[PDB]
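Just the one chain here, the form solved without this ligand, laid out as structure tokens.
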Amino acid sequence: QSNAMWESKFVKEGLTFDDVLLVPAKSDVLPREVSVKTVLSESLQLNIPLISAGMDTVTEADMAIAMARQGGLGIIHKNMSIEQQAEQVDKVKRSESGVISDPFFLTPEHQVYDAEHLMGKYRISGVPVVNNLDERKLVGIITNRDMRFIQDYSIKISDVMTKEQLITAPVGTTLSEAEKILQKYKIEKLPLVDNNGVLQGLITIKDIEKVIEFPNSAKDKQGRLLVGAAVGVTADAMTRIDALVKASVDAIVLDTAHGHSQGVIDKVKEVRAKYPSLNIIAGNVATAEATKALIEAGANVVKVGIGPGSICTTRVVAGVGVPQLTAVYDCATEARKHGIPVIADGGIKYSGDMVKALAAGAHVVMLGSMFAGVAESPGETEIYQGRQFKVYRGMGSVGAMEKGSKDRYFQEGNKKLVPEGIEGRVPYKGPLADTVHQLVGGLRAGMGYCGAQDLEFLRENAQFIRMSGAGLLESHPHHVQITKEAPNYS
């Protein structure tokens, strides 16, 4: 077939969110009752199908805590040093239930400075103290309550801790039973020791009251919040990866602009080979062939989308891409054959778009722009025309690339950059929870319409219908002047 490539140049046709509507269907299930949980793997389980993009304007520790608390996942960005990125991961892991099996501790010879340091770093209200670092016999605890009486923090621990026997509990004490012990004895902390009195761990009422406050939290087997981390394909990738895995990261995202590059495929094999059980998310790919190549290399999740991002110019400057809905569907067709979930990354303006990507076969969606004006996002708020804004930049933008996204665009050494992205700003949105509430609300409605009691049914079942540009103008509100909008719509 000498001329086959040449003749098939223009045959393919793609579709995106605005070309298409979901067709309503026979439904015995109400929006209220549907299940929105998704399993990306046995060690990664979300209560909502949402991930925040690793981007320096989108996700850092607080955003990751917030997302995890709602049931989704944050991906900490790589535009910081290895020490810095692993420190962020650790903060997220230790937000709740973090010191139960692996406590920090001090000796009476440390200064109050150290105790202030740990408490502020992890937001944990007390620090257990041991006789020395070898034996680790618990001698007492310095807490936030002890702290308010201390003026100069340069003093040694032994001076501020007045002994009284404090209530401790055996190893493997559990939240539910710690809940009554704290209640019964009227205490906020519960050190865990063995029969020899050696400190094994610590439980706080925060650990307990956070379970009540965020009942939908996405957590590992130990009850700690899930967190992911971005890693590029660079000579230092394994080093970055090593420190992440030691910080108990639940997933890495190997993040590149072209997932089908041999360099990416090799890095995945090399990472899978060193960490057989590590959750590995790899992207971006827009095709079936690319999807199969990442999976065979050992990726256990595949991230889909080339160019669709609100801030990306890849399609404009390089001329390259696939319309996102076709991309998701093309990639989901392949990954389904392997029982592998895909992430739809980029292009989602409204909650409806999310529904469409999930009905096209994605297990989960990853959002940049809808999360950047949110309160937990890294940047602070800027003023334009009296209203508050937050900066949002493409990983392809010159600004982002100077701060270490260069490898993503294969620009890694270059003195003069050629950006695939742009810089912009988004309105301040308030706390993340409210944005998720609307997102999940729109999903529940659509699943209601499509008769899907859970996300699996939705991917396997839901049917779309294509429309014209005139079909799009009908779908939006039209030809009436809008006095007041909604959180779901503009």
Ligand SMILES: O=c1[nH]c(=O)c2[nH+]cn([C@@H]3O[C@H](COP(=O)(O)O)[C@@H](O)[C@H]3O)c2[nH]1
Second form
Protein chains: 4
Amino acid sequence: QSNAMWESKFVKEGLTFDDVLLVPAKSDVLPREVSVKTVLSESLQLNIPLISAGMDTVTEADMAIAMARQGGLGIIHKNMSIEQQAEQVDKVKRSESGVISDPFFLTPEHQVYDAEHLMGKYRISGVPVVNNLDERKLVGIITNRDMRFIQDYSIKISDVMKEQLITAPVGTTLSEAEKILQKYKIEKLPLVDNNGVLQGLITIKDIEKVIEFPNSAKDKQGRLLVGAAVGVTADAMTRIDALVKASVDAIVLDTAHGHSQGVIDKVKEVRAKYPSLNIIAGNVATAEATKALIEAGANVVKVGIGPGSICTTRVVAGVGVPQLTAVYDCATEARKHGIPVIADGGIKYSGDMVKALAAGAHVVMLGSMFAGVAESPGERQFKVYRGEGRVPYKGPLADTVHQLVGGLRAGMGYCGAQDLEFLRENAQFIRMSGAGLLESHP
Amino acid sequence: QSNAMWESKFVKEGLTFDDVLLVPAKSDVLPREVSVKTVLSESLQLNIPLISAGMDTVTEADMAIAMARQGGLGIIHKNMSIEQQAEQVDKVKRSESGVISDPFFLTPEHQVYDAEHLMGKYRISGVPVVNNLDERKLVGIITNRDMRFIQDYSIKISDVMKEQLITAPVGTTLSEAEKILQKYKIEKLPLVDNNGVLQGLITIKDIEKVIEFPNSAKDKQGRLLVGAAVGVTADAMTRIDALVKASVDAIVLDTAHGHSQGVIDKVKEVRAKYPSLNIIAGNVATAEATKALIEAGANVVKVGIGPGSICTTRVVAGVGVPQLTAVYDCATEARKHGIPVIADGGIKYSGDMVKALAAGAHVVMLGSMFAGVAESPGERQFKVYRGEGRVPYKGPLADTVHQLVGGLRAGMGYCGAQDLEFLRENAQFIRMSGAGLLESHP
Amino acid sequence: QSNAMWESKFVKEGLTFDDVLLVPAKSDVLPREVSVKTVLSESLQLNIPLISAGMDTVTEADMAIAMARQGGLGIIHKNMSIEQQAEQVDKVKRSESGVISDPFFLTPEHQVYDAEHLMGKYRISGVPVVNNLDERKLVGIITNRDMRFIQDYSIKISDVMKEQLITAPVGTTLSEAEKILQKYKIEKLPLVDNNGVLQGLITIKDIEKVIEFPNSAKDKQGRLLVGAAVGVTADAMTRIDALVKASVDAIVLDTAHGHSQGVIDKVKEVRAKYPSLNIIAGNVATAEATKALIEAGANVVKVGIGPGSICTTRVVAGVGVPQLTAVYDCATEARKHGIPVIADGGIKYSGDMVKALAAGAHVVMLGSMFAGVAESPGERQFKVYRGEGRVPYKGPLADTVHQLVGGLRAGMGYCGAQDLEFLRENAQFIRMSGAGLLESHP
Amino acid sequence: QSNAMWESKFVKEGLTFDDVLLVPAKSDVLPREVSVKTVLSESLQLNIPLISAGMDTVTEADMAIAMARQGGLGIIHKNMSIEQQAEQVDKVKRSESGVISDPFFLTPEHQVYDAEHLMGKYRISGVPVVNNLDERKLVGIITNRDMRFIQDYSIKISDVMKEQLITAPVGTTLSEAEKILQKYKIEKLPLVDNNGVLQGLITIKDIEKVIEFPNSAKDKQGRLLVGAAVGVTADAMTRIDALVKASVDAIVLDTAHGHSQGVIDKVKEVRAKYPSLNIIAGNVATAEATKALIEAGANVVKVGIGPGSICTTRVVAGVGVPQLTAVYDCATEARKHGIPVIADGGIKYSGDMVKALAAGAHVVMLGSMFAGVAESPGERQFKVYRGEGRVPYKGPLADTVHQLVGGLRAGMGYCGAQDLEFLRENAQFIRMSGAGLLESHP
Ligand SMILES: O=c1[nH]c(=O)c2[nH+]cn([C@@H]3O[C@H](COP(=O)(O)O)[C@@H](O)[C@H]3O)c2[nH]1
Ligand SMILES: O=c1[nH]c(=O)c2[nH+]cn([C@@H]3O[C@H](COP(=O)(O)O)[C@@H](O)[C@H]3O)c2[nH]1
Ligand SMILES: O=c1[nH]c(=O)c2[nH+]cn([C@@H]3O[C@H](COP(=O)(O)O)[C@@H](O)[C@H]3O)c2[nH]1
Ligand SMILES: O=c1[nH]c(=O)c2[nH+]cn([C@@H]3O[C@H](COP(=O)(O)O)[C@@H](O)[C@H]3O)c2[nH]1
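Shown: the form solved without this ligand; wanted: the form deposited with this ligand bound:
Starting with the chain above, the whole complex follows.
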């Protein structure tokens, strides 16, 4: 039928955050008891439904660390050298429990400049010393306590060098090391084989961060999860190869129109080369686009086109979809594949987040709410946000998350939701007019 | 059918006050002749459809007194010691006609400090004196006129002490006492049995407040009605027990989500222990929630979630229902039980109140409109309002009520409503756009 | 069916001026050629569809005169003494051609104070003199030209007194008198019978106002049309009796709720006593109300409740109907009776007027647009408007009318309407959103 | 059926730019590869879908030149003398390649004042000299290089006069002349027949403007396209006759209500006299109006009534149609005739343009966006805009076009549109609320 596309032009209708409210429901569950955890895949498991945007004013290593510590996930932005980005990922992966199975080491023949680089780069504060690279046999350890008395860093590890050291067998756990470090009063516990060949290193920091950040989102090895953004370019594979060597949990293929053919192609290509890699692809606003990314191999779909708070797409190109309808239409399609969606853009308040999750999104992604947080890249106080603009300095990330998560639990309480799955599946909205929205804020 | 909850997510629609207008109708009744009285139960009968909110910036004894005097009802807030709240209720119950059947008394052996406490506490200004507590036989009365000549309050009632006194038999009425007090020129008329044992006390104040506040809402004994708020906590029963000893007319079980299981439980528990007690339960926005509270034993339902003028629920949790739809959906369910609903929150103008009552609510409850009234707890002039904020100092309660009630009678006139029942049942609305609302205010 | 009133409560929907636009149509007729005349009854025929409101800040004699001169109609407001209002009507009726069939006269025995009163009261500037009241035989005429030379007004008409005078037979017309006054160079032309008994008077002013205001709306005798407001009170009949003696064309029974029984009663009563009188009754917003007023005998219906620019009805009582829907629903009912409606309130711009007339109204009524006009009661420049408020000083009425009528002709041009009947009957609207209205103004 | 027009009065609904967004679609085509060209007729072919409005604050010769150079089209406004307007058209037609087939020439007997007039008028900078008008035989050429050494312009061409000159045969092309002018180092290349009779002239400017403005919209002869506005008046034919002599590509019959009979008549009359002329007729908002203009002979239809940014039509006459619905309803009708429509008025941003083109318009017309551009008629910096108002000074036209066209290509990218035909035909919208529009801008 020739005329259908023409006749249907104005037919569709969509809703944004301010058009609706969640409707209260029978609830046996209190806000404090609800579970806010979400699984994006078996290798990607968040304790809070939050991701910081890959954007140069939002997410670099310090941020990805702070996010993961809270149960969420950072995405390292791509506006940096590939070597730089892989390095940013490595810094997040090795922040805690990173040298347990893959330790750095020095030899007596290195300078102390080498020690200070490693401790500085990874924030570890102790370094193992082996006889030689080939042998892998550990002789001595140089640490932060040792650095204090060293005036010149040009001198070799031999000079400022032992005694017997307390070392433990490989596959020693944190709770095991906790007692050893405690019994013997050490802050560093190297791990060797039966031959005394260096295998790994455990520090008290690997211990106390576990205590201090119990909701941390971590891989199986116990290291902080991290994502990274990759464009669709000739550069794409090379960059991914380097990040994968990095061990970063997920790659986000971030483009403006995710329903283009060039993007489907690249997904197909990356899935082929990395069958187990977490591939987050976006951005899409439709069910058809969502279906195409999933059949291309995306294991997560990122959603929204136009809704961003700095996004000029609507005004300049006339293009976009109201975010809740976007999330809803996408989630409707992704649901049939057991595929999670991310809600990307448009979220001003904690209530918006709750609505995004109740319209079907597994996680939400925030740029601007995080832009003035202490841990973000930038330096009353002020900090920049670009895609150009400004937002107040918000203090440490943790305070913003707490109010977000607190809003989420209250909302879950009103809806009677023990967990996010229940919410996505059971929550009902009610549409309201502009005048309906005027009371909502008071 | 597995998919119904998902498909229906965005289906519902709701209206607030500004979306609608009452439509004029055939009217034989003038605003001055209409009846604004409402019955919440046989033991709770208002002459005006207004309740002051249990809130620490709105309602304590002075307020509950002023409300009841106007035909409405105060709810003592729960942000106080239980002993304190029971005492606040007692002050309202004994404001007028309170010692008629349950008198306080002293003995010649008390000090005058005791007299000044009682007169001060209850604003009565005369105190009966009996020989002894066991005997109950009245000897003398100490009053405000007597206090003037007393310099030291440490002295006993014996010293500043009689002559024969004019006393009347129990079950003497106000209109009877009016003539006696008038014939003999006394302001105090104690009541004894045939043995001269003290039974009660009547004062001219019990008389002239009847004259001065003819619309007063009162129990069968003729004392001002009062409510009290109770949370859902381990504290709940103990607090209620004390208030019931107080004789307060109604308890309001006030929680944020009234459709939770913990709230239904507590209602069931209180109804069991107090089969005749007025239990106002809330807050709910749905018919299902309304049904559950009624079957739990609530004899009044309080409505609205999100609409409050300080309420951040909408923004922080994303949760709420547009107030008129809320009231309408609740009233639709409660109607089948012969159960009244209260409209709680969102009312800015007298016209909003009229609309709330025409959408099915029996009474409305107001926090903010009363927050700067003289009788409210706080101290140009200024007074605080929190759930933090401010509202102009409005003068005495009576002036705000008069314009509210005047708006209500005009509205009833336009709709042709002789009484509130007719209004609830017959009144029709018309929906308008935002531009429709722009003319409405001019 | 018991439940219908409850279920239908929120069903109705309504539109105001800003929700819609008139849709352009095939047009063979230019704005200058269209006819803006309207017939409210055979005795009430306007050359422009405009009425000035009976309101103390809008319409008194000066205004009713200015309106009628433009083809419209003034309504003298009722906030004045009945004698005062009848006098205001008489001033409008006698402004031009008023003493042609019912002349005032003096006798030689009156003082000149009497002459100056009459000329001053009615702005006529000549007065006939008869021998005696019984006889009616005219002797001399005293005029403005004569007053100049008179220092003391206490002196009798005898003193400052003749010669033969040029007089004409009764039923002399204006065009006849035009030539006589011209041929003989007189400004005053008395009219007598064959016996020389005074019958009427014609002046050059009666002539030149016809020239100067060709669109004037006039009765059969050629005097300016005038209306008057009457309340529903015990006062009503007495006031009407006096106005009818006045000869005022129409009475407006103006009340807040025209669908009340007391108003239907009064209409029935006035129609009975004055079978030919023009009775404008209001105000109503519904078809049912409209039907009741017509069957009570109203020959015009006035419409709108809430739309007034000073009207607080919406906010205070919650009551009203969006004006276009009001006019449309009323016009739909009145049409079946051949009955015209007036659109009363809400009109900010000339475009609103065009829309009001295209929604079915015969005429529109304006308070606020006329409030600062020179001819209005009040005294940069400033003038008050109450029902309290302010509006810029607009200059003479004629300038405001011209832009109104110019807007009306343009609108009629776009719709292809040769006359108002075509417009009412054929014009189509298109509904738009708030954003649709944002472009409309630029 | 008598009552249909009355019942349907409020039935229609319409949308403007801010009510909607284009929905992203499968896209294989990048913004840089899309084609923005449009054909209004075989003789009217634009490289960009833009027309500058015939308005005295927007388009005169300088503007029509700048527009055409960019691939768009200027319409010379009619608020000028007919001789003046024909002259403005001639200036645009002869800006480049204009004297190739119809050269101006002088004789040795003219003064230099004549030379300076021609070079000044047409910006050509060389003038051919023939022996005599009858003969047409070229003797010498006077140019800009020659003017430098001439102090007095009163002297004849004979004085300041040869040598042999390098001339080429008629039908020489630009690419041919490019090499000649290059090989011989000349900037002027006259064209003669075998007899040495002057036929045309080619300059280096005719060459380098081709290089400098590759997207230029030109006729078959290679001269810049130009339009002109004509009113509907007695003046109409005479004016058109003169413009056609001008060779201007299109005439725009511009009136306020294009659905009037006088406008259909004039179209019929002009089509009869000029069967091949491009006739752009407007303005219309309906399909019925659109059909009537096409059957009258309009080969392009211009659309919108009310949407203009200075247009008071909505407010003053109450008349208009929301622009997208207007364009859509018109395009729906015009499509059946293979007829293009122009979207005229209402466009604030590049996104609005994209939406106008996706609602079915072939081209859009802009007044206000171009009003402060350097090339516009008027003289921080400031420039006026009237239909009275102001708009910032925008710099040269080219910068505004580039952002417009860049917005258009992005939008086309999101929709997957290789060309404008695909866009018109396949693009889908989604309607949003006012709150939906609040996020769109951030
Ligand atoms: O097309 C775009 N051009 C941009 O310059 C831009 N900047 C941010 N974004 C998107 O907006 C998201 C952040 O949204 P919020 O600021 O509301 O947190 C981000 O996560 C992005 O998806 C952009 N999209
Ligand atoms: O969830 C809530 N958190 C709060 O801090 C709060 N404060 C007031 N209220 C509710 O609002 C009602 C008063 O509404 P108005 O101010 O519009 O009179 C009150 O009667 C309450 O029902 C609250 N609800
Ligand atoms: O209920 C009312 N109380 C008032 O104090 C009042 N003042 C004006 N009006 C009505 O408004 C009309 C004038 O409307 P505009 O100001 O918009 O011209 C008038 O013609 C009246 O119908 C009132 N209605
Ligand atoms: O009825 C009208 N009276 C006017 O004074 C007027 N001025 C501009 N226009 C129209 O508006 C168009 C320009 O629209 P924009 O300013 O939004 O670019 C123009 O192209 C015109 O179609 C007018 N229409």
